[PDB]
Amino acid sequence: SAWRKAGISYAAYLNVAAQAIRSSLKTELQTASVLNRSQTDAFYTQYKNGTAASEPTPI
Amino acid sequence: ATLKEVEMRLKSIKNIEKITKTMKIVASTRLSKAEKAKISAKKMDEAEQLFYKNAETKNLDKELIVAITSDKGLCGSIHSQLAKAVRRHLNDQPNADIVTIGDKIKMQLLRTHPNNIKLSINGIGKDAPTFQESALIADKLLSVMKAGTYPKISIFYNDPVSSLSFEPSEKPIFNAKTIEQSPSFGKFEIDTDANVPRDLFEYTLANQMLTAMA
Amino acid sequence: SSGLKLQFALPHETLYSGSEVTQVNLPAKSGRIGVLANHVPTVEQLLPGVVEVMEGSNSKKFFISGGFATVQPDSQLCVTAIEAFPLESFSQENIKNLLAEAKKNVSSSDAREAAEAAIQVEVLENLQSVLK
Amino acid sequence: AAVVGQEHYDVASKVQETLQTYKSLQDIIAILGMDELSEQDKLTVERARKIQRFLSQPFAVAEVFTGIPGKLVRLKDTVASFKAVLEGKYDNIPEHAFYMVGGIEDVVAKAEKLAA
Amino acid sequence: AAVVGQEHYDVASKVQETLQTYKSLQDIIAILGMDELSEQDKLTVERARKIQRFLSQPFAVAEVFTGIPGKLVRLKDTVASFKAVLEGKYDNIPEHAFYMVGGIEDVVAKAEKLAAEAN
Amino acid sequence: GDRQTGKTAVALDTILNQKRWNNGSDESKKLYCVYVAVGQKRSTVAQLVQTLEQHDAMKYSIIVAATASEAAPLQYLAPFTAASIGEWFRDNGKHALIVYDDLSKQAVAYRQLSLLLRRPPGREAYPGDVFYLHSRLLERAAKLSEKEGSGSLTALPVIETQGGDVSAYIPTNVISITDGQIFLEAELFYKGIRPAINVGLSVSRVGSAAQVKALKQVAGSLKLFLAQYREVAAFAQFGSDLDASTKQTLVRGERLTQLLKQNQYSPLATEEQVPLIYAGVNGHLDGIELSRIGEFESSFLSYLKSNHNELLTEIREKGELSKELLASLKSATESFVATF
Amino acid sequence: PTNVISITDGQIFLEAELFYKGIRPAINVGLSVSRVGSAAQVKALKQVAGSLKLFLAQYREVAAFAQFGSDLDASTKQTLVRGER
Amino acid sequence: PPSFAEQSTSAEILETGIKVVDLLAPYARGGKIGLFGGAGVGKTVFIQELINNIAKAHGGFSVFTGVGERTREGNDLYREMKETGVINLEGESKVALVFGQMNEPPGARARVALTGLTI
Ligand SMILES: Nc1ncnc2c1ncn2[C@@H]1O[C@H](COP(=O)(O)OP(=O)(O)OP(=O)(O)O)[C@@H](O)[C@H]1O
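Protein chains in written order, with full-length UniProt numbering: chain A, 2 to 60; chain B, 34 to 94, 104 to 256; chain C, 29 to 160; chain D, 393 to 508; chain E, 393 to 511; chain F, 206 to 545; chain G, 376 to 460; chain H, 154 to 272.
Check before you lean on any hint, since a few could be wrong.
Stated by the list, open to error - Pairs of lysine to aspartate or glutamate residues, derived as EDC-like cross-links and limited to a Cα-Cα distance of at most 20 Å, are as follows: (1) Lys421(F) with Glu519(F); (2) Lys406(E) with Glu390(G); (3) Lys114(B) with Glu455(D); (4) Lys126(B) with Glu50(B); (5) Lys415(D) with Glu390(G); (6) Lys114(B) with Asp384(F); (7) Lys299(F) with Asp231(F); (8) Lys44(B) with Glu390(F); (9) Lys428(G) with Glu455(D); (10) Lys57(B) with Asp113(B); (11) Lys104(B) with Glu50(B).
FYI, nobody ran anything at the bench for these hints, they're computed from the structure.
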């Protein structure tokens, strides 16, 4: 709805759309490429100008 | 120089060559797997980049630099070569802030320029990258970095020229401000009332990130 | 061209790439748009819905999770999106509705979760039209 | 096993095989590092070094060398100690908290000591 | 250092440290190569291999093996030459210009010849 | 092989199998055993004799003691002494197995005798004729003619290698003499492979000419699976980047390996060993967990000792595989795999 | 040397490789031991180096993992720094 | 040994009969052949095929010499050579056998080769 103001970016909007589509899978047809395609395992760490550290959080 | 030293050493090196042979075979299997993802990302990206060939989005006139390696190493002159391309482009604009994707290029760049690095992405090189991951990181760039504010965006990836050769390669990203300013842009019919450049720029960022990673 | 070059592209498998096609039918920002062999060069963001691709053969019915339809000016329409879909087999009501109730529950959470869960409720209710 | 007890025999056997797999994997990690292994493989490497440094034992004779009083560790404590380590109950505890230690209670004592 | 001068002793000390470092890294160079080094180690290997070719010296006696006039290179110039090499003032100059050379001025001359000829 | 690897235990349980026939009646299928302890300690020998009493192997055992207490020419003459003892049975149209354990101490004793007798030494101070020693020894074991009466003396010598070396002079000599090796390794024993047989080196030039045909008709695949598996098994220290062919090869290789681990003092009849090989070759164990295999086996044995015992007796009596045997064998195999 | 090390009350071992690495004197800590050791050491010197030798041993042990050139935590990196100093 | 004057000054090719031998590694008529390979590969089958191919082709005979041959394996060899017909116990055996067994002192085994040589 108001994801542009409050929620996601449009790439992330379609990402949540893909997570809902693959979340609405046939469990017979939900292959390992689907679950690995949703295997969100990237860790982001905000550094600073003094190369400080943030939390390596699960994106 | 005993028989014992030379014997144990030769047995160790035989074990080493056996392990490198198995590693080469596993590398061939993973490379054959990853070519599918590379082609399926490239053919998706070409459908949007042929548009940028037609809609000539060529910008004019602070800069964001994104480099792409993995967390692991053991691939030779890649982590240092791409860092040397970073050196080439960063000597031009030393004010250009850096967001690395890959632990090894982060250690390459943090020793030489810890100043410009402001976001680091980890947990990457285990698998072929997915659009879920790439779109998520592109969302994070317009959440903690706000790259639409940045005038010029460069993506640094590694182009396999062959299986036996390579290239560290640069890809420019044009912000959505440039997209309405494009000369070959009114040729394409676009709704003013749908934020199509301001979302297609995000879609461009996500696709170019996915293509650079894959 | 006689017909049209469809470049139907996905991150995992680009299905059509310049496939010669008579009609595409796609849910974009302005609604369901059917485009024939010729069209204005036009860029549209695509809402998640049912794409019907009619060719010299019959018309296939896919679901799409949103994306972009861009008419390359040589009459090459590029659909650039994420999800393909069978006739109805990948769609399952027990999978959709039991998650949809939980997604309405997560839509009561914080706005980072609430907006996304509202999107997910919207997508599952659009998929209810695929359940049809 | 008919002499020293079937369970103790199996515990020593699993310790033996664990250390043998460790010594086997010593060629890769010296060259290609820890990263190339599997998670079960790295778990086995961890637990093997755990058992390895858990064999360290201070000596009252060697107390002039270590400054550490000797531990006379009994058999039935030792059996259950290696049993719990093979079951991986203390995988969270780092390997440094096993060096020159008597029983598993002294393991817990050094592990809580190294909180500082 | 109280015999040859302190600076001579220090220069020779750093040269032996650099070459010992190279000889230590030799096996990893044999297996993996220079790519799997750290950059400090890679710079050290580069400088040491420059030094090794710089060690070679044209002989007036073995001129029939070389066609090259012999090089009677003085001591203090040699000390300052290895000093500037340990300081890395000539890391830009490639390794081959160090080979079979006289003083550091001759390395400059040979690098000029390679720049003018190899181009 | 090297030291302390159950070589003695291998030959010991080899003797202990012969309860199955020496308690019977057919002398042409019976087998009398002569263990030859050379250069050992008295406690080990008495422990062995007590162990033979614990299974009543002293019914058919003959022990020749050449311990390290004894003089060097006693240790020299004791293998030939037991050789004459075995030749007595051999020239009765009978069947005798002898086990020399070892020959390395015996070679050391003969070396000492010759060096103190001021004979000129050769390589590693050995005499020249020491090869002539063992060649004069081991050829005394044979298989006689029906004209003679078809007696049979069979020899199991033991070579204690040093550091896992065959290039040493005495092991090179014995390898040049014998009909192939049963080679052991320490590392496999530390992987708990008991007995720790390197199949990749142990051969028999006789081989399949004197194997049980029921075992023969399933065993030929097994050598092929293991030869495949040893080429591939370095892949096991990686992820799942293997195709189902090589991952199936890992599955078969690990499970057949886990079959071959067995305990000391565990002699298994051939009627017992056949269905284990039939099940392991034919992929029935592939779904079974790696840990349970050895007890699975045991339960499997009890299953066949519960329900298909007549099939086992038919295996033991014929020594071959009928098509009905293969059918009912795979029937019971899939049956117990299903109920396990 | 196999005879002599069997005799003495400890050994002092002097790899020339360390001497070329500027370590003067070039004492291999991992091999040069004292069979008596601390019992005749100065006690003030004992109190300040009561665990120093085994610390340098495990420094060189863990430091071998850093020769691979992988990332290590600040505990091991701290011990690396202190043992290097 | 025969004199230097009695040496045939050009080695022709001994035509064996086997395709691979006559193709790739041709044998000198009166030459030396190093056969490698362990048992179980039909090496005895190979050499019996050589015996028959020489008997049919050139008509010359074969002299086998087992120096240190395993006496059991010598027996199996002799039994096979009876069965494959190169030894005919009543008709014309095409081969002469000398077996210095392993149980013979080294004075025998350093002369078994010369015995087969003289034959
Ligand atoms: N299948 C097995 N099951 C249980 N234990 C075994 C098995 N095989 C070997 N062992 C153990 O290995 C140890 C060594 O065996 P053994 O003493 O027979 O070696 P060896 O052949 O006598 O060699 P050496 O004469 O050098 O000692 C024994 O204590 C035995 O218990």
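The hints, checked one at a time:
Restraint check: the Cα-Cα separation between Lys421(F) and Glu519(F) comes to about 16 Å, which is no more than 20 Å; the hinted pair holds. Note on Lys406(E) and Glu390(G): the hinted pairing holds, with a Cα-Cα distance of about 18 Å set against a maximum of 20 Å. Distance check on the hinted pair: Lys114(B) and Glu455(D) sit about 45 Å apart at the alpha-carbon level, beyond 20 Å; violated. Among the hinted pairs, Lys126(B) with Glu50(B) is inconsistent with the structure: their alpha-carbon atoms are about 31 Å apart, more than 20 Å.
Proposed proximity of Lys415(D) and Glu390(G) is contradicted: the alpha carbons are some 27 Å apart, above 20 Å. Proximity of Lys114(B) to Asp384(F) is assessed by CA-CA distance (about 51 Å); at most 20 Å being required, the pair is judged violated. Our distance criterion of 20 Å between C-alpha atoms is met by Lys299(F) and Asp231(F), whose separation comes to about 10 Å. Of the pairs offered as hints, the one joining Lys44(B) and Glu390(F) holds, with about 15 Å between alpha carbons and a cut-off of 20 Å not exceeded.
Between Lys428(G) and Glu455(D) the alpha-carbon distance is near 15 Å, which keeps this suggested pair within the 20 Å criterion. For the given pair, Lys57(B) sits about 19 Å from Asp113(B) by alpha-carbon distance, which is consistent with the 20 Å threshold. A threshold of 20 Å between alpha carbons decides the hint, and for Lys104(B) with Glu50(B) the separation of about 49 Å lies outside it, so the pair is violated.
In summary, the numbered hints that this structure violates are 3, 4, 5, 6, 11.
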